[PDB]
Every structure is written in C-alpha cells, then in structure tokens.
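Would you mind keeping the following structure in view while I ask a few things?
The complex appears here without one of its protein chains, the remainder shown in place.
Going by the order they are written in, the chains are A and B; count residues from 1 in each one.
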Amino acid sequence: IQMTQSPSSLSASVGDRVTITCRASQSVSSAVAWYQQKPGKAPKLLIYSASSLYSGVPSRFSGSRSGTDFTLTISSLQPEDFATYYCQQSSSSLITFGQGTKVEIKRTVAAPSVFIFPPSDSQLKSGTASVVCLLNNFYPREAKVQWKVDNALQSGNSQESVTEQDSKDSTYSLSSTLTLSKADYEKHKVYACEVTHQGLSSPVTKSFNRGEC
Amino acid sequence: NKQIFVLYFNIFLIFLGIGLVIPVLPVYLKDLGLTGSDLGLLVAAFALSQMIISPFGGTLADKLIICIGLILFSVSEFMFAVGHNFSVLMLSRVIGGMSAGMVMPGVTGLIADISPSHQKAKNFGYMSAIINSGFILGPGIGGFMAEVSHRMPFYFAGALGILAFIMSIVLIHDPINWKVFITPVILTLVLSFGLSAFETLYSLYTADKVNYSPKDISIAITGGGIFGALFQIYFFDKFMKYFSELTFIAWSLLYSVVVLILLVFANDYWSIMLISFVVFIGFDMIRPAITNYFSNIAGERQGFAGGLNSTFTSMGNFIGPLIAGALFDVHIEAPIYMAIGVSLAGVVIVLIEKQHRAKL
Partner (left out) sequence: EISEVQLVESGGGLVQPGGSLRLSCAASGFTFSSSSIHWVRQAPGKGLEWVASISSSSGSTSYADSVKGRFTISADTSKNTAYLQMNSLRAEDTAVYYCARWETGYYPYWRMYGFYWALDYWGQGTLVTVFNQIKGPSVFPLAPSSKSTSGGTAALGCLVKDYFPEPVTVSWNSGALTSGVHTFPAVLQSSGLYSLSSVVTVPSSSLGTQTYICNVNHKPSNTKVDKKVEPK
C-alpha cells in the first residue's frame, strides 16, 4: 500500500486558494486524515474521516472526498498557515502516511548576493582546502552554480544545501562547498564561481586569485 | 378527543429527547475524554435500561405509570444536563432508559383501551407518525438552541417534560398464555435485527456509493418521513382490508425487499437514487401493525403487550447496529442484504400462521 500525494511545493500568496490531493492505491473507505506539521514541532490533526473539521480549527480548512481523490482546500492562506501538510490513510490496521506537501510564501524577486572565500590557513595542514561560493538573500528557490578553475567546469565535487525561508526578509540562502586535496589544488591558479538566477538579469561571476593580491 | 391529544405529547417528548442529544454531544465529548468504548457503553446504557425495565411496566400497569415515568424523564434529563463526569452521565442514561421504557408501555397500553373500537386509524397511525416526527424534529430543533449556551437544549427538553406532567394529570382522566405471545415477540425482533441495521447504516451506504453530502440525505429522509406519514394516516383502510390482523405484514415485507433489490442497482443521485427513498414506506406500515397485533392478542392488560414490544424492539435496535457496523467493512453493500435477509425471514415466520390457524 502507498498513498501518492501531489504536489510537493506550493508557493501561494496570502489569502489565495490552494488544493492538495492524495490518490489511494486501493479504494479504502472514507477514512483519511490531514495532518499539518509546523517546522520542528508536533503534527496536529485538521480533518478526520475525510470531511469533518477538527475542534479549534478555522473553517477555511474544507476537505472533500472525491472518489479516491481525497482533497484539502483552503480558501485563503494566512500568516499562520505556512507549514507542511501530510495525509494519512487509516486502513485495516496498516497505517501509511503521505509523501509530504510543503506550502511556501511568495515574494516578488530578490537579486542573490554572491561571495567567495579563500581557503583557511589551517586547511593547508590537512590538505583539504575547501572554498565556498555563497548565495544570500534571494527568492525564489531555483538557482544553481557552475564552478570554474582556469576556466574549466567541475562536476561531482560540489555539494550544496539550501536553508529555509527566513522569518523576517522571507528570502532563501544557498552555499556550495568544493573539496579537494593538495594534489589537485596546487596545479590550479585562477578560481571563480558563476551564479545564475531568474532575478539575476545577467550572470555575475567574480572571485579571487592566489597570492592575495 | 383531548385525552389522546394530551397523550401523544408524552411520546413526542420521549423520542424528541432521544433526538435532541445528537447536536450537543460533540461539544463535551472533548470536555470529558469519552473514548470509543465509553461512548459505546453510553449507548448501551439506554438499551439495557429499556430492556428489562419495560415489561415491568406491564407488570405494574394494572394513569400513575405515565406521570411517575415522566417525572423520571425530566429528572433523568436534567441530571444528564448537569454533566459532572461519566459516573453521572452513565447513571443518567440508565434512569432515562427506565423512564422511556416505563412511559412507552404506559402510553401504548392506555391508548388501546380509551380509544373506541376504531382504535387503528387516528390513534395508532398518529402514535407511530409522531414517533417519526419527534425523530425528525430532534436535530432540527436542537440546531438553533445548541448555538446559544449548549446546555440549553437539554433542559429545554427537561422543561417541557414538567409541562408534560401537568397536562397529563389534569387534562386526562382514568376511565397468562405465554404460548400465544410467541408469534410476534420473536417476529418484532427479527426485523429489528435488520431494519435497524438498515437505517443506522443508510448514511454510510449512500456515502460510499453516489456521493451524498449531509444535507441531501436529510432531504431524502425528511421526504421519506413525510410521504410515509401521508400513507400511515389513511392506514385504516389498508388495514381494514388486506385481511387485517397478520396478512399485511407479509405484503409490506415483499414490497420492501422488492424496492431494496431495485435500490442495490441505483446510480444517478437525483433521478433514481433520491426517489427510491419510498422504500421506507414499506417499513413504516409494519410498526403500527405489530403494535396493533400486540394490543389485539391480550384482551385486557395491554400494558404488558406494549412493554413486550418496547423491550425486544429495543433489543433488536441495539444488537443490529453493532453487527451492521462490524460487517460493513467487508463490503460496501453489506447493510442491504441484512435487510433483505431479515425481511425474507419475516416472510418465512408470518406464513407459519396457516398451520397455526389449522389448529385452534
């Protein structure tokens, strides 16, 4: 048994209508619940047996059975409705949750800022001299970096992780870290990171050189 | 003419008091805990407090029972409304079952002797139409009152109860053979095994077939109640013909199984799904039929006969829904065949009359 749930990211502005759908692999019954989980807290129950509002829950969270297409419909989103929504199948004593739907706030467009940092002087003792090309205060998510050293692409040596949307400025932030050894570092001189993003009108690519000149 | 009109209000209050608790219970199901087993026990309180206590009414019935039972109802329902904790609500439903299983034999008996030898038409038709009117108007009245001070609906039916004493004490005035009981007393159980198992699950059978939001099914069943009432008002012609005493039940059961069979193959929400509510008409000519049958076996002491009804019809109405809910999950259509099965069992048991009529 599975419970496929789509979509897995909603960028919906405040007060608009959203719809989240689950498709049971087998038609079970009217037994589906719709949890929500704030970041780093406990899930709460919103709708139980696929149609009934929970006590102490705003009237907007209107669920709807449709065949096997159980759906949750919020008429208007509010600043207290920005968190992950899970849908649970209460089968014959073999429970299974959903793949997870996130709901995220919209901003207009923010130009990402880029920084690059030389390797620390204590990296050279351990051989690995990791440099990082930073991305701070942007929206939206879609952005990526193609490194170059002596104007040559690198693949598989850069791992990157996004943060979550800051509570104040409502932007993301990104960082890609490149790890090498002194066997590969010392034969290369010119280092550069290139960033492209939707709000970034043209690619911006500046970085440093060996010698701290 | 006026004694009987006073008398109906007692029965109206009893079943409106059963119907008034639905739209207020979720308010303090969360205020007391009240897990699943506790709620099932709360249901069974009324069942096993109506079961054994009802024949006792017919033990005592040979005026007084109605008034003491109605004071008991008002006190019971007030103490339900107080609502300390489960130790109070459980005993409140037990004493309420006492009251509603003592007044029902009292009314069902005393109508059978004050009314003239035409005791069927107005008397029993309205006594089994006001029952359904109370069941309908329970939640309907409770909808407006539960919004303001959710305890208010409860003692509302409490307050009316005290009113239903005075009218029933100053507007009204006073004036063996266990083998022969066997034919209907088991009979009224069998349909109550499945008819209840039908009705209880009608809101779950037609939410897994063609989709019914709660308002549409309420429209369907209010229409069923109205168009069944308009058939059991002229009930006296149909019982005066159709070989009165016992033959009618068989024909109603064949009609009901026919329309259930037609119901199993009905899609199309408004055309051939809604209009097939008329099934319940065939299930609303039989409750007055068995009540009249009970009043007609016993020449005197009709309280015992009415009580023997009101105990085993409640036994069926309690056993049935548990079974139907349990075996509903193995199918979607499971409740219907229970109704079909018990209806054919009723057909089997009523046609035993010919061998019984061949000897005395």
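FYI, contacts are C-beta pairs under 8 Å (C-beta built on N, C-alpha and C of every residue); 3 or more make two chains touch, one makes a residue touch a chain.
Colleague: Report, in label order, the displayed chains that the undisplayed chain touches.
Modeller: Within the full complex, the chain left out of view touches A, B.
Colleague: Which of these, A:13, A:26, A:59 or A:122, touches the one chain of the complex that we don't see?
Modeller: Touching the chain that is not displayed is residue A:122.
Colleague: Kindly state which of the options A:22, A:24 or A:33 is in contact with the chain not pictured.
Modeller: Of these options, the touching residue for the absent chain is A:33.
Colleague: Of A:2, A:154 or A:159, which residue touches the hidden chain?
Modeller: A:159
Colleague: Touching the absent chain: which residues on subunit B qualify?
Modeller: 19, 22, 25-26, 29-31, 33, 35-39, 43, 135, 139, 198-204, 214, 217-218, 221, 280, 321, 325
Colleague: In the whole complex, what residues of subunit A lie against the chain that is missing from view?
Modeller: Touch set of subunit A with respect to the missing chain: 31, 33, 35, 37, 42-45, 48-49, 51-52, 54-56, 84, 86, 90, 93-100, 113, 115, 117-118, 120, 122-123, 126, 128, 130, 132, 134, 136-137, 159-163, 173, 175, 177, 206, 208.
What we mean here is this: only the chains that are shown with their structure count from here on.
Colleague: Could you please specify the touching residues of subunit B with respect to subunit A in the complex?
Modeller: 26, 30, 204, 207-208, 211, 329
Colleague: Enumerate the contact residues on subunit A facing subunit B in the complex.
Modeller: So the residues of subunit A touching subunit B come out as 29-30, 55, 65, 92.
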